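*Asks:* Mind docking chains F, D and C with the ligands on chain E? Use the hints.
4 protein chains.
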Amino acid sequence: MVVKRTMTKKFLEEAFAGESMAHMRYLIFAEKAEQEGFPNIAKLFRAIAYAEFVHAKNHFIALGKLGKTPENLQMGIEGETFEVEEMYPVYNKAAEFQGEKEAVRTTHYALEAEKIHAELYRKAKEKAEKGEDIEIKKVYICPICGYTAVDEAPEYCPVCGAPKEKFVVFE
Amino acid sequence: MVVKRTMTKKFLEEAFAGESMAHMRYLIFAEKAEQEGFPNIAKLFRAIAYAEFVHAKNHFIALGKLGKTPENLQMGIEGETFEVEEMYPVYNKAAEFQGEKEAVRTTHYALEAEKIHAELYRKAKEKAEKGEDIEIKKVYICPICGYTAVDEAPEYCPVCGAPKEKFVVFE
Amino acid sequence: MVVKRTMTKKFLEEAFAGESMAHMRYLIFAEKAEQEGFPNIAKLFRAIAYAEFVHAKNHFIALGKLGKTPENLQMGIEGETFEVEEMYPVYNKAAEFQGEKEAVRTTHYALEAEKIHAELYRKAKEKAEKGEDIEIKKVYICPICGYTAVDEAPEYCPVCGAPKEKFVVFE
Amino acid sequence: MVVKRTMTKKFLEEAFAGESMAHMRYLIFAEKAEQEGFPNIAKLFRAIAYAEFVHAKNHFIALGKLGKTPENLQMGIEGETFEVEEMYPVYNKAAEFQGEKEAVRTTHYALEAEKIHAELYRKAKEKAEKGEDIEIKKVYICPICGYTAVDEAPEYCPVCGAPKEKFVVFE
Ligand SMILES: [Fe+3]
Ligand SMILES: [Fe+3]
Ligand SMILES: [Fe+3]
Ligand SMILES: [Fe+3]
Ligand SMILES: [Fe+3]
Ligand SMILES: [Fe+3]
Ligand SMILES: [Fe+3]
Ligand SMILES: [Fe+3]
Ligand SMILES: [Fe+3]
Ligand SMILES: [Fe+3]
Ligand SMILES: [Fe+3]
Ligand SMILES: [Fe+3]
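Residue numbers (the deposited numbering), protein chains in the order written: chain E, 1 to 171; chain F, 1 to 171; chain D, 1 to 171; chain C, 1 to 171.
Isolated chain E, as found in the complex:
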């Protein structure tokens, strides 16, 4: 049965947040580990990150927020809408007011590339409540300021201007 008590629900939510942060940290660590002269430490980081993923997935299953995909896409849609509409403009304005180049640059890379996720998820949801799988192939992603390019791939990234060969393909 789903967890109903408030205090333990808060405890499990905080544990899930910590596990997600740890998994992100390990995934980031592995990239620099393989950039140096240690190709095995990256393997260790990847394995431990997968262990953290398993922990966080168990915590997510316990709280009971995961179900059928047609209703599951709505949470992603709402999260993307919140990230693009409200949270990011305020952070960009605050970073402009305080005057940090790095924060402004990162927020600018963020809000301009997060716009397509909501549209893609809405299309996927309205095409996937009848029992059929959507027709999509070769989703491309920029490795610096990831811009979800669908099917075809632009020669240069409109946001950062990276060359096409750097795109990480998914198939």
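Among the hints, a few may not be true.
Put simply, identical chains are the same to the list, so a pair is met inside one copy or across any two.
As the list claims (entries may be wrong) - Each computed BS3-like pair below joins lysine-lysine, with the alpha-carbon atoms no more than 25 Å apart:
{"hint": "1", "residue 1": "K166", "residue 2": "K137"}
{"hint": "2", "residue 1": "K115", "residue 2": "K138"}
{"hint": "3", "residue 1": "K115", "residue 2": "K164"}
{"hint": "4", "residue 1": "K57", "residue 2": "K43"}
{"hint": "5", "residue 1": "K166", "residue 2": "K43"}
{"hint": "6", "residue 1": "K164", "residue 2": "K68"}
{"hint": "7", "residue 1": "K164", "residue 2": "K137"}
{"hint": "8", "residue 1": "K101", "residue 2": "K57"}
{"hint": "9", "residue 1": "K164", "residue 2": "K32"}
The set of hints was computed from the structure by calculation and includes no laboratory data.
*Replies:* Just chains F, D and C with the ligands, lined up with the frame of chain E:
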């Protein structure tokens, strides 16, 4: 340059936490999606999860929390120490007090498998500050209890009791 | 006095082997009897097994093979080393070539669970030659594959996956 | 199913004999270990003896020799008859011919105490082919010659002459 003003630091930390949460949720949704009649939805889910990972990595680099591998391993060591000493025992006792099965089960799985991660990180670190890479191969992770097996893999899982065929190989 | 003539020594060794086999058979028969509606036949079997043990001990001592604890531990070390290094691998290979699943299973359990006994005996000998006893409590033995667990007990059996409750405890 | 191939059967029989002998050897060693300033090595000895008992039981069942209670009692009857009628008289005669006092003493103690088991087993088998149990209680065993005394125990040992309080009781 690292962010020094307090408000921008808080905002970027919150953004990093949100992006990590988004990545983990998208990964879980992808794993559920591939388990049913829609194969191509998981591709989109994993692509957008990679995009969230890129955003989180940019936010993490913005706060300048990344250094060389010797110092990188210290953060993991401290995180594992805190996860296995302070948080999980208290959460398990609270879940026992309130009397719910799922939280106790998940915390029981979690607290019995995080003791080896600190030892692995310490072993990697002592070999990393000298200039060489450790030797490791065939790392197994249980997909129903997160249990790190080094090199040899037991026939049955000493935590959940799953056969050695169910494990996942990270080579 | 100890027996020195050859044929007397051969006869005593054969008698020792016969008494040991009879004691094992009576123990197995008693264990089977307890699993039925005859609880007193098990008592008779246990008493007669103890009598066979007394006869076997007399035969063994008459050969002059009982010494202080160091030499007994050394003899156990040699026996365990021979059991794990030479006999069981060849027996398992021959059984697998012939094609009987029960023989392969039994020999697999025997050569997987007999590896610690030698290390325990050598540690005990190292701690029991100066003049002191070895600190150890609450040993665990599996009832379906003979798995030794010292002090702590794993949640599950790494060899057969038998639950924790089924472990027999010696203290 | 039963093992039918010849060489696998031979290897299983040899392993059964070896495990039984090792179990008896460690049972013998435990009593001397606890009779010294090392009262905890007996715990290890008994735990390893139980593990070898499990291994020997596995080998015994692999051969398919365990059956219902009447068949087990018949096997015990045959074994005891062979042990008393043919083996021990010849062993005693050979020991007397060669001239060893210890072997003669041991065989003398054995052949004058093993004569009471066959009738006990015959009575138990006669009373066990009727769903009912035999009616015995408080079996006494001598510690230095294995004298099986049923119910009432003599004040002294008719074979060696040890007092009654040295007997071990099973009830
Ligand atoms: Fe963790
Ligand atoms: Fe997004
Ligand atoms: Fe770009
Ligand atoms: Fe996002
Ligand atoms: Fe961890
Ligand atoms: Fe497991
Ligand atoms: Fe007997
Ligand atoms: Fe006998
Ligand atoms: Fe052994
Ligand atoms: Fe087992
Ligand atoms: Fe053995
Ligand atoms: Fe006696």
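*Asks:* Okay, which hints does this one fail, numbers in order?
*Replies:* 6
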